[PDB]
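Heads up, this is only part of the complex; the chains shown haven't been moved.
Chain nomenclature is as follows: A, B and C, assigned in order of appearance, with residue numbering initiated at 1 for each chain independently.
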Amino acid sequence: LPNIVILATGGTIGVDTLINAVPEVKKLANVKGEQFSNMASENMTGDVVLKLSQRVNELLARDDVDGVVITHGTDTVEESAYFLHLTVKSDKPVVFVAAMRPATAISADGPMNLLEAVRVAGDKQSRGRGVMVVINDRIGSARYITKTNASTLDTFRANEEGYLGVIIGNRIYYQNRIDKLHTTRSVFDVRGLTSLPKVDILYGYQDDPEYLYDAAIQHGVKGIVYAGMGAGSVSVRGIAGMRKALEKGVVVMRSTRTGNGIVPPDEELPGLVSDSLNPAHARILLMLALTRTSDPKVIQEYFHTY
Amino acid sequence: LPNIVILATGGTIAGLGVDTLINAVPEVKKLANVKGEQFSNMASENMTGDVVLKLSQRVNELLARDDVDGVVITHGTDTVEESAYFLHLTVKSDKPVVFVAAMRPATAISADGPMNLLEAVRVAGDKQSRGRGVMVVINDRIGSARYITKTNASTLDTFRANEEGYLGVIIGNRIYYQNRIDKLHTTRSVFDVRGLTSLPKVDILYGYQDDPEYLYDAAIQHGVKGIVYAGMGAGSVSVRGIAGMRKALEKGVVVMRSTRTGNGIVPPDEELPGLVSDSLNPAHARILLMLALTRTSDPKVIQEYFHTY
Amino acid sequence: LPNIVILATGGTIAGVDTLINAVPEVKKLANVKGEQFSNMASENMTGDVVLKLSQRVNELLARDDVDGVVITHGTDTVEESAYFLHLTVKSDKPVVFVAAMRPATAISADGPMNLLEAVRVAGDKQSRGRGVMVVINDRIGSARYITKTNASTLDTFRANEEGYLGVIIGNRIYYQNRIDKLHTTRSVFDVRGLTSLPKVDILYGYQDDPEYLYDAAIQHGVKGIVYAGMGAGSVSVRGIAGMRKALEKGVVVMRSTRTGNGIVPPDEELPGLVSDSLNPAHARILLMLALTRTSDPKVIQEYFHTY
């Protein structure tokens, strides 16, 4: 049986309580619980996610550890997952798991989600696939998966990219391998860091205010992710705001509020384009990109390859 | 044939005048007596509430006439869901109001605008289309302004209502109506906007890890009357967000918690500040909050609005 | 508290009393009474049995002491049973089918929550006159549109193009749509005095599809054939020869699609009728019922565009 470490951070899903709640896991692998933190995912911060990554990195460096399952809240799991997706230098399975219903709710999804997460983490076939998010019988890539519904069990989906695999009848069915750089082939090393560049997200909508750009600039942001209307389209007020941000060394990354798709290059508009990264994912990559460079051309390439 | 007025506002569907737009698809003249009218000309990302308000009042006027059976409005795809929903709540008529757009420029290979326009006119002129609320027609689909939204930045099939589906579809030049929205709208709406020239200011703040409290301060300091929160999950709020919302609530600003996810219900939660957006996404929530603010500041009333419109 | 009768037919969700005592939370949403109509895997549910279920439900709903019904059923053919009652239950009182994708003994079994939501929906006055519904995974689907789209997932039931009538979140019902089709109280499909149903089979459309299967169906007395066609009910040279032989022998031919969604449009250059947006399973149910009233192609075709 593979050795799996379950790191708890909090979420609707103690760590031992969860382990004892589902004895079935012992039959899938030798599990050791570790309470990393205990907070709702809406409060997870880059600084803490950074420590999480460094901790997972040292655990995976150990010969006595074959994989890691991280319990996390559903609200921002896509952000934490994508962060480790880009910073964990190992092929060993790193599986995030969450639950849309509280552990006390009728028909709670937590028990089964955890069981599936451990099976995925302990399977030899799961190595070298990037960070994964397991829930509701699905295995989603950290780079594509996102919470699409505020309250449903089947909320996590990658509409255009699908799932890396699924777990049915206690068997794992791998469907895709992501065609992007990650983990062991990522240039983003943060083990020598304690914090990341500040990046905020501004929404795009009719009558969007120019002053929010001023406010962000004034508070020291090093980057601004724009959840734009359509394909990163910008109103005259957003353009004026982005212009001021650029004049002050702030990197502007145009994403989309739509939820899916490609924001294509447009030399007629200011800032960079987010490829298929949604706002939450784009912020994470921009923060990491800024730890290595400020060159817009280099940053743009990162977004087309990560 | 039914008398249909085509109001052009701009958009990729003409990326060109409304007349050149009609001549490009002569087939529409076989479906109805169309009258072209250039209301405005701008990319939808630049469409503003004051202009949308004027658009609604203009449509109200036209539909009040006996020589007008319906209206088709060409519009950019980026914010058509905002404009469409605005009229959904403000146009007091059962006559069809159909927004139409195109994801590909009119000059592009396999441009979708031509067929989209033809379908929109067919829908607007069909007597079976009455009393269904404002509609958005594109890619053979008919979506309700209250549910439809642009879900993809660049695909032809971008407009979808994942949980609510389409009101109907157009296949083989025939309309197939599937649903009737179970919400108040148009002739049943209390949102009278006759005579108005401006609307309360409402901003949308995003929710994410490390989300800053200063954005709330900035919005509050600039006189917004309401703040729509595109929150994490079911409108979940961080400590910074909670602090920010409290300041807003103290200054008398209405806080509406929506979601950044893209779909779903943000349920009530007395342990959290502000109101909840029901199934309205951030963009639609802002539109309804603005209109709600023209009639009341009472959190109770505004909340009921969000559960019924 | 509304009076809700729970009729069990079988299914992974679970006899009926065990189901009720298993989820006591239901008795807080209504005054429940269980009835074991039958017990079999839904793949074995038959038209004759569904017919009797519909008659029993009508009988039950005609009573003043019954406000609604919840029917537990297997997920495999619930769309067929639900649509049948959608067309035959002459009452506006809620009829809610409920099922479960995971066995009642599995960890994170979905059955308990599904049942609770089904009872809440069945007992809400706001749920009247919406046609037969299928409740599962926090969603409320119309029997006419809902279908099992996935072999094994919890979220399998979906109506891709038509969406859900509503959803249940945080113990609250959110109604989104009202189906724009005829059903229940406004349906002509009264089967009160029926004991049998016209034989209707489904033949698949694919490359190299055999004409002999049409011959076989004809030889075995089918009164109608539903074609789960390639694309928009497209037919190969072998399928068209088979359909023509069927038509020559008095069989009603209905062209549907194997795709899973969408409209099979009228086509004057192809034999048979078209199924509108009804999938093969639904199309068979409506065709069977239609045949109890007429053999008139024009009438049957109009049924398919309105029901």
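Here are a few things to note about the model shown:
The rule we apply is simple: a contact is a pair of C-beta atoms (placed from the backbone, for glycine too) under 8 Å apart; a residue touches a chain by one contact, two chains touch by 3 or more.
All protein chains share one sequence; of the complete assembly in this entry, 3 are displayed, while the total copy number is 4.
Assume only the chains that are shown with their structure count from here on.
One inter-chain figure worth recording: chain A and chain B are separated by 31 Å, centre to centre, where each centre is the mean of the chain's CA atoms.
Centroids built from CA atoms put chain C at 34 Å from chain B. Inter-chain spacing, taken between the CA centroids of chain A and chain C, is 40 Å.
Annotation for chain C: residues 167, 169-170 touch two or more other chains.
Chain contact summary for the complex, chain A toward chain B: residues 40-46, 49, 73-76, 79-80, 146-152, 155, 159-160, 198, 200-209, 211-212, 215-216, 219, 227-236, 238, 256-264, 279-280, 283. Contacts from chain C toward chain A in the complex involve residues 23, 25, 106-114, 116, 137-138, 152-155, 167, 169-170. Every residue of chain C that touches chain B in the complex is listed here, in rising order: 139, 145, 159-167, 169-170, 172, 174-181, 262-263, 265-266, 276-277.
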